[PDB]
Amino acid sequence: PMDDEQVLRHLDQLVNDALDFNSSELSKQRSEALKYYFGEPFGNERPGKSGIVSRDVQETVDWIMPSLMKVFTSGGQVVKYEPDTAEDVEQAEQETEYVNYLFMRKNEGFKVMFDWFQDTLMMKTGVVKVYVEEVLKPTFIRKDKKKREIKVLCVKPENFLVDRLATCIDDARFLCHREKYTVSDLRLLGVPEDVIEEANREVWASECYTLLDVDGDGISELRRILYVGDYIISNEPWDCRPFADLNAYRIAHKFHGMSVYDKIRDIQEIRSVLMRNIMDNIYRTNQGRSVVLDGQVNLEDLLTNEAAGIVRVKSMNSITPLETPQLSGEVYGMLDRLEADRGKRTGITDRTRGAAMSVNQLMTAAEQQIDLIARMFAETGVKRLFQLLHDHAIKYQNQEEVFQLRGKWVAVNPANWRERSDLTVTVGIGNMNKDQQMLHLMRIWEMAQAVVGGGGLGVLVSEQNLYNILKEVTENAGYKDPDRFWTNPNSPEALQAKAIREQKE
Amino acid sequence: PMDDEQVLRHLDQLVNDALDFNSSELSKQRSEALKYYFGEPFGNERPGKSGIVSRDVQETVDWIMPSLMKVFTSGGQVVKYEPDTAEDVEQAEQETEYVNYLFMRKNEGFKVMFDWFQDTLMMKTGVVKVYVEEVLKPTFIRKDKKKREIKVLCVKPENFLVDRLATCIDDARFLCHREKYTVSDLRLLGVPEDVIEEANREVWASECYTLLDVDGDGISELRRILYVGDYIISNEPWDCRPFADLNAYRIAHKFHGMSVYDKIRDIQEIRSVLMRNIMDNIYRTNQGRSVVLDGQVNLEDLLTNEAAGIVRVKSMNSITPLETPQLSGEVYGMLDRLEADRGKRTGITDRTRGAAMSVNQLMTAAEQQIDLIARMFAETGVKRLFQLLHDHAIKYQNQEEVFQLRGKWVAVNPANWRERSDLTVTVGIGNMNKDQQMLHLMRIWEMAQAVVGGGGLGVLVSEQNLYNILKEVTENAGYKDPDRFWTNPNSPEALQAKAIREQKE
Amino acid sequence: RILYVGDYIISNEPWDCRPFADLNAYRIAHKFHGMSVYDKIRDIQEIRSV
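Chains as they are written, first to last, in the authors' numbering: chain e, 9 to 148, 185 to 241, 278 to 434, 445 to 595; chain d, 9 to 148, 185 to 241, 278 to 434, 445 to 595; chain f, 304 to 353.
What the hints contain is simulated information worked out from the structure, not anything from laboratory work.
Some hints could be false.
A few chain d positions that, by computed beta-carbon distances, are all more than 12 Å from chain e [what the hints assert, rightly or not]:
| hint | residue |
| --- | --- |
| 1 | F29 |
| 2 | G296 |
| 3 | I299 |
| 4 | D374 |
| 5 | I428 |
| 6 | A468 |
Pairs of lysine to any residue residues, derived as SDA-like cross-links and limited to a Cα-Cα distance of at most 20 Å, are as follows [as the list claims (entries may be wrong)]:
| hint | chain 1 | residue 1 | chain 2 | residue 2 |
| --- | --- | --- | --- | --- |
| 7 | d | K594 | e | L547 |
| 8 | d | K78 | d | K88 |
| 9 | e | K57 | e | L383 |
| 10 | e | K394 | d | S395 |
Just so you know, even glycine gets a beta-carbon here, dropped at the ideal spot from N, CA and C.
Full structure from sequences and hints, please.
Shown next, in the form of structure tokens:
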């Protein structure tokens with residue numbers, strides 16, 4: 009109660025605790041992933057011998073990421089709002105296109121999402137922050189003053205001090221995000237002084289989202305605090321925490337989640353160890369295990385590496401040269417076995433893609459788990475879409491949409507639609523375009539001609555509903571509105587293309 | 009009888025008994041499950057040697073989850089109510105869609121069921137709790189006051205102290221569920237004080289469903305007790321225990337159930353130990369068992385691993401080096417055999433899926459027992475569906491449905507029908523859409539053309555029942571009502587599309 | 304923009320937009336200078352040669 013300063017050192021204690029725990033555990037884990045991912049020696053490679061590390065999770069990322077790009081960077085149909093049937097054309101797809109068109113190609117595009125993937129699959133934690141900014145350059185026609193925008197940036201979750209007792213975004217009582225915010229930002233804020241840490281003061285700042293009882297009252301909302309260096313803070317009640325804290329696998333009841341590397345490492349290190357061991361044994365056989373004595377062969381055969389090739393014992397030629405056993409080629413079948421295991425861990429198709447033409451593309455490449463991970467990423471980003479929708483429905487701007495047409499009012503007073511639907515893009519019904527479109531076209535075309543033989547075109551499903559029937563084809567073909575208009579609903583075109591042109595001629 | 013404090017001590021004793029027994033046995037079993045799933049070393053791996061642990065249960069879970077998604081996360085046809093033949097359209101499908109649309113798209117999706125799967129198949133027990141809450145933010185148009193919601197949460201059954209002598213939901217005389225419910229919830233209740241256990281008091285609370293004699297009368301119903309810390313409790317005559325307690329295998333007469341881990345223990349352990357033994361023998365062969373003596377070879381050949389390669393005996397080189405036997409590659413064939421068994425343990429098709447096109451999709455993929463487990467999951471969720479329908483038929487809200495059309499009265503006065511039918515989803519009649527729809531279309535198209543040749547349309551099944559005939563196709567296509575409306579029942583549509591348009595022309 | 308040649312007459316001028324690209328060839332982790340296509344085929348080349 010009446011907390012204005014105890015919040016400062018309480019937040020400092022929370023920041024220090026998150027520093028300690030998060031740093032130790034998560035930094036050690038993500039740093040292990042970093043060292044064995046890049047393929048540099050792990051430190052157990054002695055000098056004078058080839059410490060070659062065979063990178064195997066690098067191609068694993070090279071495999072997983074493009075499928076993520078296909079499923080996610082594919083049109084604006086990924087997430088829908090699907091509110092009550094009345095208000096759909098009004099704001100549902102309208103606010104959907106607003107938030108996508110503002111997030112895609114207006115909020116850092118998909119690059120932040122790519123780095124988000126990496127953060128949740130490389131260094132075990134994918135989390136970003138969404139915030140606001142102003143606009144400048146007025147007519148001093186060109187009136188650009190105080191326009192508000194809302195955009196997202198990766199937080200570098202190494203600078204995302206937070207308790208491990210959340211397991212979800214709306215569970216952390218203390219969210220500390222660390223940034224530089226140099227003397228330029230100190231001046232823009234207005235603090236004339238600095239901290240211990278020349279414009280290159282490399283000053284360090286932190287932002288804390290946390291709730292307490294600072295008013296001697298009930299449960300308070302989220303509080304945003306700009307605890308920088310125990311200096312002038314920006315304390316403010318907050319409305320929604322802009323973070324997402326991915327874990328990439330929907331692991332059990334814990335905040336920080338394991339990475340994709342954490343399950344392919346076994347394959348990677350086993351591969352590298354076996355290949356290095358086999359070449360080392362090959363080299364051991366190649367050099368020649370010739371036993372040299374003491375007193376005789378004072379040159380140790382010149383280490384069996386020079387261009388002389390003379391043993392030069394002295395007088396005794398007993399010699400007991402042990403023969404180094406060779407290594408069979410069947411251990412190189414373990415290379416293929418490890419490739420298959422690395423597959424069957426994430427990309428179960430050992431090949432690039434392991445009558446009925448394998449409907450749904452071999453049922454999504456044999457119920458591929460990457461589709462599940464895409465499902466979980468999309469459902470997590472549902473919260474991001476809501477967060478952006480809130481930060482814009484509080485106030486963003488009056489800007490016009492590019493939603494296939496002209497006409498869109500201000501999106502600072504939409505209906506949030508209280509939920510985002512993103513089922514039809516993943517392990518759900520998820521009939522991918524290459525499959526949904528083909529199944530639709532084939533079966534619908536064949537029922538269509540069957541009924542036209544049997545029933546007809548106008549009495550049954552007609553050119554206005556055949557409009558939508560062909561439409562599914564059009565939208566799946568990538569061109570949604572303009573290339574295949576075909577609307578013909580009820581118009582001067584429809585009065586001359588469905589009723590007059592047919593009932594009289 | 010007339011028990012007010014002896015109930016508290018009796019419940020404390022039952023809490024302690026459940027703690028001891030359930031904690032010890034089931035917690036140890038689920039901890040073993042967690043340890044062997046996570047693939048960390050079992051503890052028998054000595055330092056200096058590769059303790060490789062093969063996570064074999066993980067890809068099995070990855071195999072079973074998508075099938076769970078096909079069976080469950082596919083349409084709302086999973087459970088019907090099966091009332092009298094009259095009150096079907098009235099509430100049966102109506103209340104079915106009400107509970108679904110409240111549970112899907114309004115109750116956290118399937119994530120809680122995902123965790124329920126995991127708990128019952130990996131952590132050895134899947135149980136969840138259904139409860140109620142209120143709604144806020146009125147006009148201060186926007187009138188949101190006292191609206192009641194009912195929703196379910198996973199309990200982490202480690203916090204579900206309960207006797208092992210139930211074997212069913214309606215058999216536990218003592219259901220103790222543990223939670224945190226920190227000081228915020230204490231103040232929300234109104235308790236000014238706390239227990240032994278700073279707003280972070282990390283307090284812990286328990287909830288008890290138990291029946292006893294507290295009124296000096298006949299057999300009383302259940303009672304709910306908010307036994308927290310021997311502090312202010314919340315007792316109430318309770319009516320329905322909102323729990324599910326899945327076991328994932330329908331084990332014999334005992335409460336707690338086995339995990340899938342409990343049956344893949346042998347497969348995973350054998351695979352890991354065999355590959356570890358093979359690789360260890362490989363390393364032993366590589367290093368070389370060279371017999372050295374005392375006094376000579378004081379450098380122990382530099383452990384036969386350095387880059388010098390000079391044995392440096394002294395003067396004697398008798399040497400009796402035994403040769404380590406190699407390991408044949410046929411054990412890698414038994415690795416394929418183990419993969420085949422790991423199939424044949426749960427997913428009896430060792431492959432991804434092991445003339446008449448293999449009718450019913452090779453008879454549900456070689457009569458896969460995963461479909462049986464899905465059946466028993468569905469019958470388990472039958473009770474949960476009834477619990478929800480009760481908690482809403484007592485009081486939920488007046489809100490309408492999204493059941494293909496606008497219009498639904500208050501679901502606080504439905505008819506529960508006392509029964510939830512879910513037969514057609516599994517091994518049962520269960521003609522899956524993938525085969526039901528295809529057999530339907532083939533047989534119907536051929537019989538229908540035969541009838542047209544011989545009998546005709548109006549004589550036999552007509553356009554109004556040809557409507558339903560095409561319907562099975564349409565509902566199998568994912569668009570049930572709207573895309574193929576075709577109802578044409580008796581209307582201006584029937585008057586100009588089935589009655590007058592054909593007889594007079 | 305500063306034409307610091309040899310600590311001599313510089314062509315100092317405010318600039319509007321920096322004309323550079325600084326690729327890294329692989330979109331490597333959070334660092335300016337990135338690893339090349341060399342760093343992943345050098346191992347294969349070295350093993351082949353040896």
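Structure-based check of all given hints:
no., hint, in the structure
1, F29, "holds, 23 Å"
2, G296, "holds, 41 Å"
3, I299, "holds, 38 Å"
4, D374, "holds, 17 Å"
5, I428, "holds, 16 Å"
6, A468, "holds, 19 Å"
7, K594(d) - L547(e), "holds, 18 Å"
8, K78(d) - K88(d), "holds, 18 Å"
9, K57(e) - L383(e), "holds, 15 Å"
10, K394(e) - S395(d), "holds, 14 Å"
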